[PDB]
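There are 4 protein chains.
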Amino acid sequence: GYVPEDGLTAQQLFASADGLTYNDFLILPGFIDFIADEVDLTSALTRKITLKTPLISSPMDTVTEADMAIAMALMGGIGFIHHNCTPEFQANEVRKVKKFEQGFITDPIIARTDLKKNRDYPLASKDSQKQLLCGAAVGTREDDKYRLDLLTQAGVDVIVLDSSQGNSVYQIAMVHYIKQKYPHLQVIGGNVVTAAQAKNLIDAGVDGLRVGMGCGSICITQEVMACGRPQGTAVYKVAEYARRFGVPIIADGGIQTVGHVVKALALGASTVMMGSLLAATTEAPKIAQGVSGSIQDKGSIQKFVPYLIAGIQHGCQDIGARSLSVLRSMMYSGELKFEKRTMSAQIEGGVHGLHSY
Amino acid sequence: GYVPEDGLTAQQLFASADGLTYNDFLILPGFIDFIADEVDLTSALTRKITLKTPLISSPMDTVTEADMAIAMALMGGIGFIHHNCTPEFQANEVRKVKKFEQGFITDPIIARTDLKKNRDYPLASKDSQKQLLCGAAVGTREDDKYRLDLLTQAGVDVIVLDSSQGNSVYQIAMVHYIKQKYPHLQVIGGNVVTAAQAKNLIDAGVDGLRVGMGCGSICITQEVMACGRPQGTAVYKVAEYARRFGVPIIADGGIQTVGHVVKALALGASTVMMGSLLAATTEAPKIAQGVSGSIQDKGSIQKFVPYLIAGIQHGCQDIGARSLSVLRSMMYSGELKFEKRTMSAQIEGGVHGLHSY
Amino acid sequence: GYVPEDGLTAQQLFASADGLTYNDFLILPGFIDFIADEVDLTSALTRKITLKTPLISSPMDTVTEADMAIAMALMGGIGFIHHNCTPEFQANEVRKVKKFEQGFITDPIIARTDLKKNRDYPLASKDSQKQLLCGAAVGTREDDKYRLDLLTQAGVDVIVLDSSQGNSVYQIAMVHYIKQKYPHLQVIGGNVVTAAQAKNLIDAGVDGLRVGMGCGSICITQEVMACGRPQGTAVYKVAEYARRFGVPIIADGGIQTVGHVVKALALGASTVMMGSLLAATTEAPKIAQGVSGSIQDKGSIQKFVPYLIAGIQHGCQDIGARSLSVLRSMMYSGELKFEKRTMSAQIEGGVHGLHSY
Amino acid sequence: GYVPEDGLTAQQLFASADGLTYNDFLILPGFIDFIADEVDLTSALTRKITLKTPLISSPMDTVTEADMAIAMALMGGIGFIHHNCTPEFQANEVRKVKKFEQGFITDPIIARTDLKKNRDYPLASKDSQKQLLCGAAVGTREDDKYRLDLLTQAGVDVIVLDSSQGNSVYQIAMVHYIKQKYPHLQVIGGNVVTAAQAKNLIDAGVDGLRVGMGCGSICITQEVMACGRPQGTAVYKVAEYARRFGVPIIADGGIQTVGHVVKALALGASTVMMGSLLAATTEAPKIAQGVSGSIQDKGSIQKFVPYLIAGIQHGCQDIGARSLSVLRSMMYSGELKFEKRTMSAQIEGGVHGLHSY
Ligand SMILES: NC(=O)c1ccc[n+]([C@@H]2O[C@H](COP(=O)([O-])OP(=O)(O)OC[C@H]3O[C@@H](n4cnc5c(N)ncnc54)[C@H](O)[C@@H]3O)[C@@H](O)[C@H]2O)c1
Ligand SMILES: NC(=O)c1ccc[n+]([C@@H]2O[C@H](COP(=O)([O-])OP(=O)(O)OC[C@H]3O[C@@H](n4cnc5c(N)ncnc54)[C@H](O)[C@@H]3O)[C@@H](O)[C@H]2O)c1
Ligand SMILES: NC(=O)c1ccc[n+]([C@@H]2O[C@H](COP(=O)([O-])OP(=O)(O)OC[C@H]3O[C@@H](n4cnc5c(N)ncnc54)[C@H](O)[C@@H]3O)[C@@H](O)[C@H]2O)c1
Ligand SMILES: NC(=O)c1ccc[n+]([C@@H]2O[C@H](COP(=O)([O-])OP(=O)(O)OC[C@H]3O[C@@H](n4cnc5c(N)ncnc54)[C@H](O)[C@@H]3O)[C@@H](O)[C@H]2O)c1
Ligand SMILES: O=c1[nH]cnc2c1ncn2[C@@H]1O[C@H](COP(=O)(O)O)[C@@H](O)[C@H]1O
Ligand SMILES: O=c1[nH]cnc2c1ncn2[C@@H]1O[C@H](COP(=O)(O)O)[C@@H](O)[C@H]1O
Ligand SMILES: O=c1[nH]cnc2c1ncn2[C@@H]1O[C@H](COP(=O)(O)O)[C@@H](O)[C@H]1O
Ligand SMILES: O=c1[nH]cnc2c1ncn2[C@@H]1O[C@H](COP(=O)(O)O)[C@@H](O)[C@H]1O
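Protein chains in written order, with the authors' numbering: chain G, 11 to 118, 221 to 397, 438 to 509; chain F, 11 to 118, 221 to 397, 438 to 509; chain B, 11 to 118, 221 to 397, 438 to 509; chain A, 11 to 118, 221 to 397, 438 to 509.
Errors might be hidden in some of the hints.
A pair counts as met if it fits within one copy or between any two copies, since identical chains are not told apart.
As the list claims (entries may be wrong) - Mimicking SDA-like on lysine to any residue, the simulated pairs with C-alpha atoms at most 25 Å apart in a straight line are:
| # | residue 1 | residue 2 |
| --- | --- | --- |
| 1 | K257 | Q334 |
| 2 | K349 | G29 |
| 3 | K228 | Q22 |
| 4 | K349 | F24 |
No wet-lab data here; the hints were simulated from the structure.
So that you can see chain G by itself, here it is in the shape it has in the complex:
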């Protein structure tokens, strides 16, 4: 009645200072004793918001403009309104997000079409009354403090502070300002990749952290600047540290299939920012450290996100985890076991042996 324990526990992957990303490892399967589609996907975007689906849409002008934020909230995720735009435009934009369905309408009462929407979209993320949740990016420059006023009067729930570095005196100063002036506004950090720099943002009072820098599909920062972290290592090594204080970690960049979503959610992160996978769907709109564009068409979101939700929850089922909180327990108790891959051992992931596919 004894059987050896195959594979590294989570801490034993990252005990070698080796720089793994999501491609470099696998999760060992475990005992299925539950039906394929009853696992619970609720995850925290900050200490005080739960989303009924862990998928976030990245604050960039190519992805979330006016309608991605609507759909992601109907689908129990969220969006962050971009900010390479005039502040009045962005504020009007989050306003036309918040008003899309309502409980007690204050500045047009109730309605019946809104209740039909409530019946049709059961996962929808709704704050209070019945309106949709929405976030936005705000910059770090001094003149962007004006934008907070328009956003606040426009009913935004949460904000990211956008900059490629989170551990700067300016971003900390901005977190202090927001947290002393607008105590109902939850704020989210700036692309951290190490526990020693997540500390300063946590002490400032940041209510959730997005993690990863210079790893991404449209993003060239590492290969032009030297700073970065292999983002599958980053998401574990910082969520190990942020879990002590309770702030959630949102995985950010390089997520280019469902497998990478499941790996990020097994390693510790609470939710995931999709960029270039959600870009070029139906409803998407002095040195240079970015890339121009060109993502191919990817259909309609309302038929796309359910595929992501079915894939992610099939992965959780076959790993053996009855919910995402159980998946993080199996991770931190050492019950999940992982295997490395040699470069060559990745090719038998369906890549070769066919004339076309």
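Assemble the complex: chain G is given as a structure, and chains F, B and A with the ligands must be docked to it using the hints.
Showing chains F, B and A with the ligands alone in chain G's frame:
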């Protein structure tokens, strides 16, 4: 108030005999508490010359002929006049470099256009007289001793001794000859890659070393000869040794973006020789162990080098280093931390997931 | 419902090439669902004898002369008659062992006192009929071939070939001689310590091996000759090899408590030879690579061996092994777990903190 | 027909930088197919002397006066006459070694008692004549150059240069002097413990090396001076280097049993130098870095050295080595295998479990 030490200190990368190059590692970010464009870039080229910008242009006929040496000096860097040419031509060439702007003109007084140039180009590298700095390559063969006379009477400041191996009895003999006959002329070694061979050139009296052999975009030496060193390991392991005596190390070859410049300067090198990145700009002109040519056009230098200077000093800011001397301190005190990458973990550096770019 | 695997599996101790011995490790406890004394203690002395208790008495003139061999057989173990004596004396000695109780007495019928002995000593080791089992040592010299005749006509069951080295051309030759001339006689090897030398004795046709050389309380061989093996490593590394062919391994020398008996029987050995622990009991009688004597009195055997049998079977109970065959299964399946000790971690074995004991 | 490789090869012990001595390891036994006492025990002492036994008596006032040097040469070994005495006494002393038995007596012819001695002592080490071999120590202070004259006119064959450090400019100078003035005199370098310092003595033209410093029973030096090696590591690491050029290695100090003689010769020394094991035999005679004396009576040397010769050659037989040249052939081919001892596996060398011994 305790947080772990994420990543290898500098010495712990190269403690494994593993052959790293600039692609194989990343630098962990650190605290920004200074503005992005005030970090000091002054770097030594020999024990007795400082450049106001760490960028050098490689002595080859495809890069620096007559005008690259002018521009690099105006931009606070330098050039070395190539030497696959008749000695009189090369001497006339460094002469037409020195005369481009002047203090007291001896063999035409002063001028006003020269002072306008002084106002327009504030970084320019100059003698005590307002004339530009210039170096030259000189060969190792006996008959090339004649070239030293023309170069000396032509007002050259410094020389490289060209050959692909520096640790030869002939190059040492040539360093002794120059240092006993022309004591004002600073001399630079021949492409060393190990402390045990930098010793002989240092004892001869070499005033700076270029480091790296058979690693560089146009050079096939390793793949036809067996001798060489992974050049990111070479620059550290030899600058660890040369720092004791004070001679500068200049990193040489394979620098094909700004990230490689920042990595080379973080590892110990004082300055960097650009070849094929500066080749094919506006102002650029029995076995065979080199490659034919064909580099695409790269615009004008006066608008190109400032991009390099902005990128490099952005990298230094985000690492947290207030100057290049502070960057080398954070390196040798073990305060900089580095991560390895698997081959697979390099691909998420913006390479893939796009239809075109 | 997950809990880590504390301690090294058996193979993970001896995969470190560091020369462990019984003092230098511990066995981790395991689940008990059975009473202290039900565990089955039967073990094989050769491929074709089972003993109802695993203790053997060492063939030396200080231990087994005439009565130790009687008692050990009454107690379900065995003895080997010594051989530093005249062959006629030894043969008469094993004869006066075999005759001590009988079935059909051939050369005096049956008796009633013999059946009373059969009632009183239920563990007693007996061949066909009801006589006691007995072994003897025989030498390796040519003139000792005569002794085999007297021993054979005297009714010995099994023999050891005595020499301190087993892997010699002479011992192999002697095994062949005995196995072609007396096919009923089982023969036992000469103090082997490596699989590469157990091979030759196994191929000769040896039916069990005694393992260990130059480790033992009276034995100085290592400290005067250089040859040997740390005997707790020896017993595992050779029983890992002999188990393939089926021959049993008997652990030999350095057993100075019950803990060492249990450790030897966990590591693979089937039975154990006791020398200086059974020496100086009530019923015990050109270079020099041995020691003179002086073992203090140790009482009567009939009250001593049951203490050994209670201790050994208590150790098996607390490890959780329901029999000695289950204990070897838990060993080779990797279910037993072991811990090393630093030198400094052995003193807390009841040695210190007391004025007297 | 396959069986694993039990134990470390020779190079795999000392690849761990952990400072083993003779007590810290064992040699694995091997196949015997030869009789106990036929193994060829000849060894080189310098490039141009063979001894019919590897034991040497150490140059000290408590071991080597003429009575010892005689008895060792009769027993096929040697002695080095001590040198803390007046030069005339030492010269007279080696003269009374040489004259003890003769071929053609020049300054009294032949004799019959000398031929009786030749019949009685068959192993005796002798010149090209029949007179016994003798070495001596000579110092390295300049006034000791006088002693070389008396020793040379007295017929000494070989000399050690005695000083506790061999790698000094003075000992090198003395080797050059002797080798240019007295080319028939073989000279032995003093107490080296590293290949990097044996090089200078071999380049000076030393004809054999004494190896070990600060390890030895009367010698306190490591515990007073900081310099030294674990002498079982030193004898391997230096014989590995000296074997390239052909100079013999004599293992000096810490030899306190026959096992240590066999271990030194397995590790690659040609001969072994005995102090305290021969001190107090019947015919043995400003900082302090030595100990006073007090060694107990060791009996008569003609009945003692045959016990060393039987033990050393029994050890070789059981390792399986048919001669000492075969023992060093099995060493450097990696055919000998060694086991480390944990501290708690040395006690089992017959030390414990007895009331007296
Ligand atoms: N879409 C996203 O999620 C995302 C993520 C990262 C970066 N970005 C974008 O990347 C682009 C490149 O810029 P970046 O983000 O790398 O750096 P940035 O433009 O935020 O900042 C550039 C430099 O200026 C400094 N700076 C910023 N605010 C400052 C202030 N108030 N006072 C003084 N200095 C200040 C920063 O510390 C940094 O050193 C920007 O357009 C940004 O919006 C977007
Ligand atoms: N652009 C550069 O920085 C750069 C760097 C290396 C080589 N090169 C060029 O590549 C070509 C080959 O150069 P190389 O350095 O590989 O070899 P080289 O042409 O300098 O030397 C060729 C051979 O001659 C030997 N040699 C050189 N000088 C000698 C002397 N005075 N006396 C005796 N032997 C001598 C060398 O050891 C070598 O075996 C040359 O045209 C050189 O200018 C240019
Ligand atoms: N009590 C025991 O279980 C036990 C165990 C080991 C040794 N011993 C005793 O140790 C004592 C010391 O001797 P030992 O056993 O170490 O070695 P041994 O007496 O078996 O052999 C001594 C030498 O003779 C050689 N030899 C043995 N038989 C030979 C033959 N037929 N032909 C030629 N050469 C032969 C061996 O190779 C060895 O060199 C002996 O009295 C022996 O009985 C007893
Ligand atoms: N019995 C032995 O085989 C044995 C082995 C080693 C040392 N010793 C003894 O140890 C004792 C302590 O002395 P030691 O051997 O440690 O060192 P030492 O007395 O030989 O030398 C002491 C110092 O004087 C230096 N010295 C030697 N010759 C010199 C010269 N010509 N000019 C200048 N300096 C010179 C040495 O290099 C050293 O630094 C001596 O009596 C020596 O004989 C004996
Ligand atoms: O210009 C840029 N600088 C820094 N980060 C960027 C930039 N553009 C995109 N990103 C990152 O790219 C992520 C989108 O995921 P991706 O499509 O997998 O790369 C965003 O959430 C950002 O973290
Ligand atoms: O023919 C050659 N042999 C050896 N080294 C060369 C040769 N041509 C160029 N180099 C090296 O190539 C470096 C430039 O490399 P790059 O910047 O990658 O193009 C120069 O500074 C030289 O060190
Ligand atoms: O003289 C001897 N030489 C070699 N081995 C011996 C000698 N005497 C006893 N032994 C070994 O010592 C073992 C008993 O060790 P003990 O139980 O610790 O006393 C015996 O079974 C033999 O293997
Ligand atoms: O005063 C001393 N200084 C250094 N070495 C010494 C001194 N006296 C004796 N020796 C060494 O002490 C060792 C004693 O040899 P052992 O008695 O066989 O261990 C030999 O190697 C001697 O060369």
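Which of the numbered hints above does this structure break? Checked against the structure, the hints that fail are numbers 1, 3, while the rest are satisfied.
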